[PDB]
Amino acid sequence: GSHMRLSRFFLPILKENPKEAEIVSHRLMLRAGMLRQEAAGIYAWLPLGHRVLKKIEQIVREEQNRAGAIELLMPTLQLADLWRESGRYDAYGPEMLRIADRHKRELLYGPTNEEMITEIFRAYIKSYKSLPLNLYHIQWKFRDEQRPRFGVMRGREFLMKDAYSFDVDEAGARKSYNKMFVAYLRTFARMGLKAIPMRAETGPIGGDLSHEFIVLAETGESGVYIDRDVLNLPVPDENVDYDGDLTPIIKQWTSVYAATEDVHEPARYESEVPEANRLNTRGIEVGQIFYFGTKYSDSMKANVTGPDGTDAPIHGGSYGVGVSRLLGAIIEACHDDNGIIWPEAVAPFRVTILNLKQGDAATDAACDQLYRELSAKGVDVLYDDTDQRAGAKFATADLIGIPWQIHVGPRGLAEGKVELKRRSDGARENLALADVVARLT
């Protein structure tokens, strides 16, 4: 149970709305002391920013591990020669940040890792009985985005969990796809989000193994066309069996129309969605699952021996979650006039203690008591022990979006009561200060 006293913390709250911020999420992240811009599209994560980033990572890691994925780490710097093997060194484009070392060797900050994971695989895996296999990392990306914008939403240095699956053939690769589908539905649900999987841009051989997970939002870049029925589908629980038939689940999700603007078909839209359920809106892309087949295993020669002594290129898929983008996305969906409203699973703290008369021996002594008690019980607690006046303590607390507040002061406390305020709806309640620890654990 992680714990902090605000006076022992670094949380530089901003009084005014920063003029460089064009949207809510960006604006609130700067003002809640979560983020500092160091270059265009390149940010430092200040303490509170960091805590939520780490909460999000964990959830992503857990749902990857539940689905069978195995975690590694690839370096951020990759050699160009590896990318020359695939064709992509020159076909990728200006988004690639190329680097020369002291010896003039050609490097590049990885924008993605298809070549490097196929290179690691082909070194060690030679048989079909190793497969399916899915390896992932959570690692910093660099895309030299032409016009960085919207804070974490479109940065240059960003965090992606990217996972890549290896299979004998398409049929199997499809099984690997379906695992990730379900893992992603659960990943986003756990963050308080309805990230709807939409049919997305496929490659040249087309087919149907490309989806984008899109959080609905007027201020998003993706144009989207859905049947509203999609927004009410049930999400698999933690006990979903990842070795079984996942088809009946996927079919639930893929049976209602949901296409991005890239693959939308207006004829097919009408003749499938009732005008009643048609929503043409937009959203924020928080992940993407994509089957690529033998695109890298062909040119880089990643083969295995099949179940008939025969050598063939493996079939691949890639799966990406925008981990840092997600802080932006979550704030868009979870805010009000007074600031952030974190889902509990991602909040940097679960509870903040507001001393409403700092120094005063009765309130200080009660706030110390409540602090170490909740602290010792496993609860993530922030104790606002600063010199600030009450109204400032309230405003800061509402702003940084901590799920629950405990209001402690001379009025209620020198009478044996504290106040518990839920951030989500503003629900107030009075409790004896002995009973409140129990309420939260």
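Residue numbers count along the first chain shown, from 1. Between two forms, the rigid core is defined as the largest C-alpha subset superposing within 1.5 Å. What changes on going to the form deposited in another entry:
Rigid core superposed between these two forms, residues 359, 244, 248, 203 considered: the one with a C-alpha shift of 2 Å or more is 203.
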Contents of the next structure:
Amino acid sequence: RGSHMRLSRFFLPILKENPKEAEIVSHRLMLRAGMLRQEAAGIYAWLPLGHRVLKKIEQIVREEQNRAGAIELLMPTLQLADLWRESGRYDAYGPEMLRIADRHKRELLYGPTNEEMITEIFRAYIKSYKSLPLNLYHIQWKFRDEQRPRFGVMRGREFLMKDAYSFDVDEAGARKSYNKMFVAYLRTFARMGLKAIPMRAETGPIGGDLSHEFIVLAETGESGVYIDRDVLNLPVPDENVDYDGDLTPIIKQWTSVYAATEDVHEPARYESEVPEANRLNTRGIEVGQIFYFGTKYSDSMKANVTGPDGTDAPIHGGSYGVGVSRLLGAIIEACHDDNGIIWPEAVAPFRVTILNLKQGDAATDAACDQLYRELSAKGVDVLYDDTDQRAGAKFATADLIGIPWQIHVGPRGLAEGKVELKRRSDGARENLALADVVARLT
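Next block: the form deposited in another entry, after the form deposited in one PDB entry:
Partners and other molecules omitted; one chain follows.
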């Protein structure tokens, strides 16, 4: 039943020109488009339009974890360092890690991740191979005290993550739980119109020899990559994919082609198997990573189950992160033109925006009032720019904040019974009837 919003009733501080302080296109637009505000180095406030988007992103991620079988919960932001000496990653994050002391001086910390929290929870409740496979997950704020925070949401200190965690009896199991997630990630980024490409990766302080990062190609990458062009026509699986079945063929299908970050690149291995014309070397933004770590946290923390053969054994685990806040940036770094942002439909803070091209005119007002109420009812997320500005000004803002569809309402069109519908993508227009428009959009 349709999100709805008049601009006179809102909080969108658009910015004149380009903030001295922003180095890349995504940070600039987000600042310009009234989405974001820095409150500290790498710590941001999410202003209402920006918050609106973050939610859309959240919900997609959620839906897809859920479709893959994972169960949501929420862990707290602060964790006892005690937990961390137990697995002994106490010093694994180093300077990058934020330690706190309470009013009783108790080694706490703002959690950069939750491998140890989730294991502690798993071991409290789950005792039998029957309970498995299990995949708990949350979408919660993390803090990494990055040395030099940059690029806005892209490299910040307080940031949002969906982190999930899988729990199987043995190796062959977890290799399945791994693939579920792998597929679910393929869909996730695709539903946000981004071709995120699976690439072999390095586990860092998270353990394991299996890990893929998902990387969207760019012209500003924290990481540089070497791929074969063809990895870009590969199909993604549709909503009816059976996660309960054998997923190997898709995984095969998504790895047989050369894909590598610069961390695990091998040129001698590469020129071997690409035609010289498909080679696209380029930079990319890591939007997520998936890890299999066997018994890292289960061994040294005693996360055992009694298995089908009678005896106790530590479970085989994995973990999987999606940069939910980083996705805002990455999406914009891959969906913009000189006029501003171009949101893909699923993530747009509104589907359509009504631009009243002569405010205060009884006719345009009545016509815009009605479209807005009709569009809301048909369950369409609608922004009505009822502010008191001129045609060019309204076109400028509408472009900038990258709403997918624009409806233009003005004197000479409406006198004849027609408005104009502008698709932001390519910028194509059609003159069409006021009756029509609402139907054609829904």
